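Asks: One-letter residues, chain by chain:
Protein chains: 2
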Amino acid sequence: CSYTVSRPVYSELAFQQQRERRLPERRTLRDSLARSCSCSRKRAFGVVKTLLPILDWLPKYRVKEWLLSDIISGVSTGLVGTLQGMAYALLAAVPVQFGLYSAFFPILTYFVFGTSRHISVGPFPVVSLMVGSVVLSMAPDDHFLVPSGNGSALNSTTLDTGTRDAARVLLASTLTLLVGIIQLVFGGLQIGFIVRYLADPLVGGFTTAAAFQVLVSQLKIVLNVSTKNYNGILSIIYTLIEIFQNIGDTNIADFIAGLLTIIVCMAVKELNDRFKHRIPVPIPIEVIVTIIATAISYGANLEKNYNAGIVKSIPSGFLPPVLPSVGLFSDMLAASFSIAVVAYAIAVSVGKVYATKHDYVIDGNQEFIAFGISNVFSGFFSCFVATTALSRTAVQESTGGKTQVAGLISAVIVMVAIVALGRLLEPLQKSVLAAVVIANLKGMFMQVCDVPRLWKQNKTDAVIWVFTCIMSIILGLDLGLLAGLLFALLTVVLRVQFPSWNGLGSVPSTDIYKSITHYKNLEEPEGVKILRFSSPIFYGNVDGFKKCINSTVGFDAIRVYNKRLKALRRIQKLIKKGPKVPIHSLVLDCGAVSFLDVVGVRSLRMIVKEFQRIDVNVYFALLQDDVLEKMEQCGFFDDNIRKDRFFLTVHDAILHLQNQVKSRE
Amino acid sequence: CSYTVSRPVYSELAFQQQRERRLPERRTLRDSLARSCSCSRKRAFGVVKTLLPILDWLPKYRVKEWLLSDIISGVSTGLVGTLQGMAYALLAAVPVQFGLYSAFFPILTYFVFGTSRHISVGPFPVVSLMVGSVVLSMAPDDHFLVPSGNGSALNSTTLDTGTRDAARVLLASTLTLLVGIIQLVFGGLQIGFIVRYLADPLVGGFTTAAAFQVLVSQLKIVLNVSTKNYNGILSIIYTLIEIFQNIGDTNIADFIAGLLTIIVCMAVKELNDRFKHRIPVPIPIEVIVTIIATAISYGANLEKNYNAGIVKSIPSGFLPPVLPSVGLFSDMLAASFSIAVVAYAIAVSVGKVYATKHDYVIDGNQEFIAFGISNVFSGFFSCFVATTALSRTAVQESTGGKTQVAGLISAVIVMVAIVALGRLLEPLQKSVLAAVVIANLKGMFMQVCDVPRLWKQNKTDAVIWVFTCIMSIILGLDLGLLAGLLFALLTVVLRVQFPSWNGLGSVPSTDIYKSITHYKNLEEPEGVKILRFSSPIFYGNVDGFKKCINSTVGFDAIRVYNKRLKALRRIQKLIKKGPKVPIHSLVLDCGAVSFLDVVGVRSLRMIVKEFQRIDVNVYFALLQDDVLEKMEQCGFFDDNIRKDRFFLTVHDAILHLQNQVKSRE
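Protein chains in written order, with the authors' numbering: chain A, 18 to 595, 651 to 737; chain B, 18 to 595, 651 to 737.
These are calculated hints, taken from the structure and not from any lab test.
Note that beta-carbon positions come from the ideal geometry of N, C-alpha and C, so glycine has one too.
Mixed in with the good hints there might be a few duds.
Example chain B residues on the side facing chain A (calculated, C-beta under 7 Å, incomplete) [as the list claims (entries may be wrong)]:
1) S23
2) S333
3) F335
4) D528
5) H535
6) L582
7) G663
8) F667
9) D687
The calculated label-pair distances, taken between Cβ atoms and stated as ranges, are [stated by the list, open to error]:
10) B:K580 / A:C54: 27 to 35 Å
11) A:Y247 / B:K681: 45 to 53 Å
12) A:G344 / B:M463: 31 to 39 Å
13) A:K81 / B:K580: 18 to 26 Å
14) A:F210 / B:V233: 36 to 44 Å
So that you can see chain A by itself, here it is in the shape it has in the complex:
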């Protein structure tokens, strides 16, 4: 209704005297360290409950229908998971059985330490691509070939399959151990704010570039062209040119099979997405298409007739645990860091989505610990990095998923696919597995249609998307993440270095002050000029603040004094011989400041001293208490600049100025 107040004009001290402050909390380092370490059993119960979340949902089961739902969803997601694992095994330059291994052990590990319920832990295209890239970097093909075979002219230095793939698997296991150690370090130290720097446009551009690189790699695999695995700067462009110049060295059968399975998978996926209300359970297009491919590839001997590319290297068994070859972490520190960061980011995103969808929440540090333990356990059994694929976890949620027991049931499908079945997948074409990932790339390729939407929004975030996407294509993929985080931090610094200062004026017959560049009928006090400066002053925006003041007052506080001293000598010589007209006061409406960066309070005091020489009083309007407490310690309230110069509100300063000019002419 009515907004009426009547209080005296408390500037800084008329309000500080009769208002008693609170006693600050004493440090008591000994007492603080003693009070932190609790001795009661309740804290132990709480930490053992939050560290092993299985003790919460397991005793509270609802077996009646949850058992059947988890059984069917686990069968479905286990088929999908073993398919995705045997497909992504090619992305890591490792044999196919290690994909089935990586689809089994992380699921078992994410059962007693996991805190989610709709997450299918396993392989991931981006993470597998990064692992394969670093494996090719630290173990190329030209470093294992042995000259043997009695060639035509020189030594027959053909391919040396065998110990080569073993070395690749060992390198991948060491990388996964390092990633798990880094994740466990991040979880134990409770540092979870390191992943907050991955903005949505940053991760979007990163996923787009990773999808482009995955498409290039899978096109290389489908076309069956021998590439020199170029890595470094412009590696994707180099390998694309190398593929385009070696098109003649392809396989027609593999090409047409890949095209057919691509179009079939895409059509069935879009049909299922369109007519979702017709059938609740999505049809496993990948399972039926790979079964049909294996069937048509077993009848006709495509390996001998058309010389197609099949696996024919599935051992169909388990492997004893192998100790990781520690000692190569020096050349994999940054790679493991980037891999762990992107894996945790994508996993937390998927978990938060499927948790807000199903009305629950997940913890960050617990997810970090669970993923670290899963990667450590997978590193001991020759597996690659484990994450959650949005396409794989979508099947488990659509078929109906209540808890991770469906994941444990999915591990039985991978179990039977390791021990007994799996030799039936011998004649399966490698181009078929290399195509289902491309069919799954449709989700990340559609993110390019969101760049025009971000441009209509804050343009600073739209540049981060394009910058991260382009930079993660030129200078590889692992350096693209570091080039995006630093660019995002630089953009944040630029938004606080070049603020949006205004010409704050008065509204008639009221007390609220609005900008003069946004409203027409606003008048300012006679002689007084109000200025608002957001983005609190630090060592970078000090010159910007000086320029803003000089532009809002019309002149320069230094040049006016220079002209005054130049004109004073003309008068000082006549005794022996024979600009700042409108500006009366400056009310700085520093209400959007948080810190002051004492290097900046020095410039503030310098401004106050300079404007005092030209008879221009500089006042303050909305300084917070946390800033005044810093200014008191930084040596600002001397015998000249007292607290009366500061004010509580913007209208109080104008009222004080009016009363002063009315009572003191």
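Based on the hints, put chain B in the right spot on chain A.
Replies: Relative to chain A, chain B alone:
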């Protein structure tokens, strides 16, 4: 006096309707580019006035008394300049005759393009150290030695003086051209805000730690010990160990000579600063110490008797211009960048000190062009990077200096120091010139006494000082600047990622709201909780903003909704069989926000939606106009979240709630 107002409670729209905005300025890309390029003759006279500042002070000279002081000061700083010029040449691993060139040619260029009047352009101890750091790297001593001399057992691969130091000059000259071009790029592209990132604690800790490297490097010349010029990580630490283990390989004559001039020059320096009011012109202690040292070294043949280290390599002449050996700029990109920044930083810092004292100002972008052309012109005559020494410019100012003509007169003293005199400095000991620089290091060594002062002030700035000082000691000196700029910018991101949120409450019988953790007798509205959050929300502090609200309301907006639906099933089953108590509204006092980072504004719409399900209204208090315009474009004002939810002031949000609960029970 009295502060009384009476206005209706305009929330967002009751003030937007009857207040007409202003028409935004049209882009007019065709007209904006045409309006920028001026065609009037006054614009051409303006750009030529600032580019050549000599056309301002030279026609307006005051030869009546200015020319007299320039002559006495020019000879004063000229004798001190030719000494520091030849002494700092040892820091650049260049011969001593090329140091005199760096004190003559840059002065001629800083006469028609310079914008200062109390700056003595020439060598610098810190800058010459960075130049000599890259000369030893790309041209070490172990890369020019030739096996010749018929040694005892192996080939006599002794020192190869001659083409060795001759190649060092060409390498040093190419560096200055690249440094000069980079300074012209910043001046040409008008980008001058790149040097604003060098805070005072950053440049303070850098020059302090650089003084340690100068002390260790010059101690090598004083003790006359052969060092293996270790560079890279822990370079200063490694070279300090080699000197201490090779103390026996010293020169007693060079030791007692350097230790004597250290205590002599330092004592007279502090004695002159103490009794400053006794004599206006400071006595040239550095000039009287080198003439006496040369006299005693000329009488007694210290070169032959005591095997002392003398120069004996002064050609005493000029050299034709040499074209820069272009092609090594690839290995000097990071090297020239670090030198070009510290050259401009120290120049403007020293220039601004003597500018405010003598009542004048210097241009920022002009110093880039001024020092840019000087470094390019000096690169064509075999010189190193030119800057201004605080010790050298103090002599020119104390003796009385009005303009750069005193510097031009000093160039005549350097002129005669090349053509006629200079051979008299043949028996001058190298330890004497290596000690006059150490005596001047007292100014930067005293900066360590400012670390405790910064600790009582903002502690974030005190950590940047110690970090830059330590990091510029471990990983060399050029990487220390980059490691400090990134750490300083990272500290700004940390201060805006973890803000200082409070518990804003109401003051009795008034309208001002203060924090609850800073005042004792403050009451809050019944049910309403006010929260203030500085450091505007972006992709990093979005999770912290969630935890901030959850900490001030007592619960979590998601966990309460999880418990509600967990409890509603108990009620929904009884029909077929047979927390958020205090929180009424939330007023977010977002008055310290500048940008929104739409990535983060998605959470603001989520927060309003989350608390809406638990019957908790989330309002806003002090949202600025520049911020609300971002929400309109980013898709925030939908059919549910209207503008009435926002308010103009904090008290209007409370008045709207109090009037609502009374009229609507």
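Asks: Hint by hint, say whether it matches the structure.
Replies: Okay, the hints, checked on the actual structure:
This hint holds: B:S23 has a C-beta 5 Å from the nearest C-beta of chain A, less than the 7 Å allowed. Interface restraint check: B:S333 against chain A, minimum CB-CB distance 45 Å, threshold 7 Å, status violated. For B:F335, the interface hint is violated, the least distance from its beta-carbon to any beta-carbon of chain A being 41 Å, above 7 Å. Because the smallest distance between the Cβ of B:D528 and any Cβ of chain A comes to about 4 Å, under 7 Å, the interface hint for this residue holds.
Interface restraint check: B:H535 against chain A, minimum CB-CB distance 5 Å, threshold 7 Å, status holds. Interface restraint check: B:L582 against chain A, minimum CB-CB distance 6 Å, threshold 7 Å, status holds. Hint on B:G663 holds. Least Cβ distance to chain A is approximately 6 Å, under the 7 Å limit. Satisfaction of the interface hint for B:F667 is found here, the shortest Cβ-Cβ separation to chain A being roughly 5 Å, below the 7 Å cut-off.
Look at B:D687: its Cβ only gets to about 17 Å from chain A, farther than 7 Å, so that hint breaks. For B:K580 and A:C54, the Cβ-Cβ distance of about 30 Å falls inside the hinted range of 27 to 35 Å, so the restraint holds. Range check, A:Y247 to B:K681: Cβ separation about 48 Å, and the 45 to 53 Å hint holds. Against the hinted window of 31 to 39 Å, the Cβ-Cβ separation of A:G344 and B:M463 comes to about 48 Å, which falls outside the hint.
The supplied range of 18 to 26 Å is met by A:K81 and B:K580, whose beta-carbon atoms lie about 23 Å from each other. In this structure the hint that A:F210 and B:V233 lie 36 to 44 Å apart at CB holds, the actual value being about 39 Å.
Consistency with the previously given hints fails for numbers 2, 3, 9 and 12, ordered from lowest to highest.
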